[PDB]
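Here's a solo chain for you in structure tokens, the form solved without this ligand.
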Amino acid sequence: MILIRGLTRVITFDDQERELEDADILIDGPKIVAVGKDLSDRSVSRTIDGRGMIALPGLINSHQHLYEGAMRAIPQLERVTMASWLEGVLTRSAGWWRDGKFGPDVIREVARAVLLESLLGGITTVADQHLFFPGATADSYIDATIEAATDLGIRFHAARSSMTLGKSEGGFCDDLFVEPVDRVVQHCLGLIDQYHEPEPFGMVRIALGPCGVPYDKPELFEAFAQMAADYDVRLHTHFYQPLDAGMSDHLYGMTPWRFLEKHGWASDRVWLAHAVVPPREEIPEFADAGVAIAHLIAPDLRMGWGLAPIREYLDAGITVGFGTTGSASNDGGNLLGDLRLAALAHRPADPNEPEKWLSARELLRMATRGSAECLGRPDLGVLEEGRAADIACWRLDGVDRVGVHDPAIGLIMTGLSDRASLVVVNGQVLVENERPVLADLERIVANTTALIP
């Protein structure tokens, strides 16, 4: 057993939103045994000094595109609209791939670096949607990301993505990535068989994640809806990015939401990325259907899209989580830093109603318990007995946080650095004193850097 003792502040996000001062967290295997003051060092084989730190549930990034880690800070993609952006990324990724510079071995190391950064930013679980499946046959890309993740000890959800609707038939997808529906379903069934850990505290899970309504066939969506029921896995896709509604009506003469509902996706098995520009009247329907929504402030701003109606979703009682998206439109994997961005960026939408502005604690919940709920993990996102020992702590005693009166608010509103001090995943200490415990950071940096096209 491991005991973290004398944490300055502990934010549980439990059902009464308890917070604790000068308290302890007790851990046994993958699970939290207790959260409270002066816990006994009974069977404890190690005590970690928590003084001067704030502890949260591990952060959960409910929307990544790991492979985009190779595409950061490209000058020609710095200031572009979505059309130019999408064009530029696919062009580069397919070009590199054709030249043998972008194989699963390269994606493995790119995933390794972005996931390591994730751990260092206090992120204990990542859901990746790998979108790059060149040739009719999707290579071992997903296996590569899963291998990086398991080597690191980070909890990992792989949402198998696709582009089953080629332009060669009214679609918008290049036929280089367009697989037959049945081939996609079959790859997924195999992934689940090899990789899925459905038990509580499972470290690798599979989700089914079409690229989106404008890019995939209704048959894929229905095929997935059926699988989700069969195997109790979750459904994930992009939702109401700008221009989507136009494309959906053009192919199906209905809204993206009407479509999803028509094809079995209006269910509590689903979590949806962005949800930037939904029709207001559809929002209560998301509520009743029980879908979850992942807020991605960085990409939404970066593409010039604007502010998703997050207050509205919360008002409706819709589950809201948080994510960074891939590093080709972020361009970092810093989930904590993005929370500050959401905290501030939303305010000018309601100049005279501060009560509607998202609070630090609401955002911190999104990034932990909210995301947990998006991924269908009731074993994550909350510091309480019986939940997973997935814990992220930050120091409060740096010169850049002097004068802070509320540590949770300080975490978002102050600081030169979002580096986590102590990070535990599945009861395993992976970061301590802001340094990787098991990973060879310098070796990973050199190996991955050598492989960037």
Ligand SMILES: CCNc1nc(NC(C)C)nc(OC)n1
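What we label the rigid core is the largest C-alpha set whose atoms superpose within 1.5 Å from one form to the other. Residue numbers count along the first chain shown, from 1. Residues that one form lacks are left out of the comparison. What changes on going to the form solved in complex with this ligand:
- Superposed on the rigid core, the two forms differ between the two forms by 2 Å or more at the C-alpha of one listed residue only; from 353, 315, 232, 169 that residue is 169.
- Once the two forms are aligned on their core, only one segment of at least three consecutive shared residues with Cα displacements of 2 Å or more between the two forms appears, at 168 to 173.
Form solved in complex with this ligand, following the form solved without this ligand:
Partners and other molecules have been left off, which leaves just the chain.
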């Protein structure tokens, strides 16, 4: 057993929203056994000094595109709207791949770096949505991301993605990226069989993740609806990015939500990325259907899209999680940092009603329990007996946090660095003193850097 002793603040996000001061967390294998003051060290083989730290459930990034780690801070993509951006990303990746510079082996190392960054940022679970499958067969890109994740020990969901609707029939994408629906479906069956760990504390899970309504055939959505029910896995896609509604109207004469409903995706198996601009009238429908939403403040701002109606979602009882999206539209994997963006950027939308603004605790909740609920993980996102020992802690005693009165608010509103001090995943200590304990930081940086096209 591992005991973390004397934590300055513990934020549980349990059913009573308990917080604790000068308290401990006891860990046994993959699970938390207790959270409380003065815990017994009866069967403890390692005690860790938590004094001066705040502990949270591990952050859960409910929407990544790991392969975009290779596409950060490209000058031509700095100030572009969505259409120019998407063309630029697809063209570059197709180009690099054609030149033998962007195969699964490269993606493995890009994923390794972004996932290691994730750990160092206090993120203990990542859900990646990979759609890049050039060629006549589905290559081992997902396997590569899973290999990277398992090597590091980070908890991992892979939402296999695609672009199955070609520009020829209304899609905004070139037929290079277009796979036949059956190829995608066949591949997903194999991935579930090979990799999916459905048991509590499972470390790898597969989800089914079409790129979206403007990008994938209705047939794929329906196939995935059937597959998700048959294999009890979850469903993920992009949702109400601006312009989606125009494309859905043109192709189908219905809204993106009506499309999802029609093809089996109005269900509690589903989590939806962005949800920036839904018709206000559909929000109660999202609630009744039990879909979950991941707030992605950084890309929404970066693309000029604006502010998703998160307060409205919370008012409606809709599950809200948080994510970063890929590093071509962020351009980092810093989830904690993005929370500050949301905390501040939402405010000018309601200048005279501060009670509507998202709070630090609401945001931290989204990034832990909310994201856990998005991923369908009742075993994560909460520091309590019986849940997974996924824990992230930050030091409170730096010169840049002097004068902080509330440590949880302080974690979002102050600081020069979002680097976690101590990070535990599945009961395994992976970060200590802001450094990886098992991963070779310098070698990983060197190896991945050598592979960036």
